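If you want the building blocks of each chain, they are given just below.
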Amino acid sequence: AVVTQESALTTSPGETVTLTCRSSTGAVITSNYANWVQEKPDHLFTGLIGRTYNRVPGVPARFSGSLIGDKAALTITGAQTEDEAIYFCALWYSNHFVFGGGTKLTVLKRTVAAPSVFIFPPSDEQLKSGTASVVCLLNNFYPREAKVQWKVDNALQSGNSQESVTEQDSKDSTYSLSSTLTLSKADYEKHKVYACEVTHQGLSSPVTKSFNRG
Amino acid sequence: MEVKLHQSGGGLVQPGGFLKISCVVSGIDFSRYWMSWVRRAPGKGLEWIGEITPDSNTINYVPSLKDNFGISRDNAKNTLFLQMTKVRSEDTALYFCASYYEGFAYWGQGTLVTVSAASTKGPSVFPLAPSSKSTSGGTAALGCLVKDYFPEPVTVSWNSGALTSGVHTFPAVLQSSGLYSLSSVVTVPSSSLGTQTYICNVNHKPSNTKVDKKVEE
Numbered sequence: 002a003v004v005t006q007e008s009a010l011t012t013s014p015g016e017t018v019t020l021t022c023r024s025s026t027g028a029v030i031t032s033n034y035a036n037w038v039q040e041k042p043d044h045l046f047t048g049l050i051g052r053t054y055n056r057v058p059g060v061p062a063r064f065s066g067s068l069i070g071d072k073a074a075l076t077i078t079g080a081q082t083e084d085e086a087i088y089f090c091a092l093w094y095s096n097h098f099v100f101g102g103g104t105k106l107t108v109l110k111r112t113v114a115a116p117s118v119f120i121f122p123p124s125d126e127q128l129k130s131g132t133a134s135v136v137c138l139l140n141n142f143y144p145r146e147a148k149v150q151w152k153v154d155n156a157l158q159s160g161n162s163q164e165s166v167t168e169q170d171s172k173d174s175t176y177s178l179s180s181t182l183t184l185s186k187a188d189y190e191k192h193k194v195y196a197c198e199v200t201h202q203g204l205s206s207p208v209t210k211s212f213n214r215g
Numbered sequence: 001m002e003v004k005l006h007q008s009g010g011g012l013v014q015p016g017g018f019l020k021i022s023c024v025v026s027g028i029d030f031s032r033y034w035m036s037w038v039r040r041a042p043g044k045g046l047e048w049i050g051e052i053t054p055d056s057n058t059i060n061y062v063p064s065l066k067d068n069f070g071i072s073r074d075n076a077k078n079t080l081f082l083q084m085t086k087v088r089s090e091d092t093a094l095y096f097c098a099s100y101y102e103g104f105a106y107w108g109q110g111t112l113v114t115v116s117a118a119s120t121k122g123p124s125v126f127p128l129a130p131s132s133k134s135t136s137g138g139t140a141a142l143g144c145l146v147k148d149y150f151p152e153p154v155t156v157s158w159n160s161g162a163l164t165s166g167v168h169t170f171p172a173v174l175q176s177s178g179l180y181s182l183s184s185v186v187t188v189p190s191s192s193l194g195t196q197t198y199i200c201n202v203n204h205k206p207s208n209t210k211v212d213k214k215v216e217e
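Chains as they are written, first to last, in the authors' numbering: chain A, 2 to 215; chain B, 1 to 217.
Calculated directly from the structure, the hints in this document are not laboratory data.
Here a beta-carbon is modelled for each residue, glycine too, at the ideal position from N, C-alpha and C.
Any given hint could be a false lead.
Said to hold, decoys possible - Per the computed footprint, the stretches of chain B lying under chain A, defined by three or more beta-carbons under 8 Å from a beta-carbon of chain A, are:
# : segment
1 : 46-59
2 : 99-105
3 : 119-129
4 : 173-184
All chains, full assembly: derive it from the sequences and hints.
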């Protein structure tokens, strides 16, 4: 069983937003006891909804939990900037809970900010070690949600890159991100073009930063 | 009187080792709530590990985690325990003591568990040299890659503290090695680059390794 949610949603203060949560087995039923938990910076967790409709004691009235069609749903009526967080949904499958991937809710604190993309090839000093790392940098973007894809000779890569993000800036709401792709010195030298494709709210078309080894 | 889920007892364990996390609950009737353990790792989301009933007479697990985690509670002492045995490298996460009743109302502060077989190693610092793949127009990005060190605490400064505007030190990530790697970068005007000299100063005090590396184009 797989529990799925929207990867990220954007709204502005005062609007009404609805998050969904999907059972891989079919329609979410009350037997699933849908729960909604919120994650704020520095890993702060708040239970909002339990057993599909019930508000956890103390949760504001603008949070509502419901069943809509085949999915469980969390509705924020009058979204606040303090509601910008990651919302997790858990479904009860007979004897255990299964959380979903999470939904990054962005409640617009400012104008959309595009990132500036920079690519760094591996140092020769590292190449003497026998490993190669390509570093991709995204500077001062908002919202957080962005897709950084590594393309080695136009081939999409997977399982060989790890990401890191800075804390949200207290003065202009921007984020910075680091994408590092590590390979064998052997596997590095068996390819040509290393590219970093970046899709974001602020970019009409995806930005690509590329370099050729050799 | 505030609801306090105080966790403790997390740190370094080797792969295949054991560990017991404590969470002492005060401010609520610990006897009256179901108690659950849930973990969060950087690449994953929230993973519900398991729950124990108020009376301890039923323990529910997710099937893939049944064998390596053991949940117990003591209503007399108002504490909940999680025992981790034969732990994998993938088990590195922040483990969270969470109450369940209507929902997941009360949470703990978080306990870090790092599973790694490495001993104390100093980092290697490789320059992130600027180029026109690292220039956009007017401003240029450069930095330092601090790679394969253990344990976590590492400090990075630029030109011994002279440069602080626009520097970004990203959180370190735990590699499959069991070693940490981290990247620090700065954005400066590209005019500057010809005149100014740029050095990142990295200090790893568990190894007593201090490296001053310059990033030259």
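Do the hints match the structure? See the list:
1. 46-59: holds (count 5)
2. 99-105: Three-residue rule met by the segment 99-105 of chain B, so holds; n is 6.
3. 119-129: holds (count 5)
4. 173-184: Holds, because 5 residues of the segment 173-184 of chain B bring their Cβ atoms closer than 8 Å to Cβ atoms of chain A.
Checked against the numbered hints listed earlier, the structure breaks none of them; every hint is satisfied.
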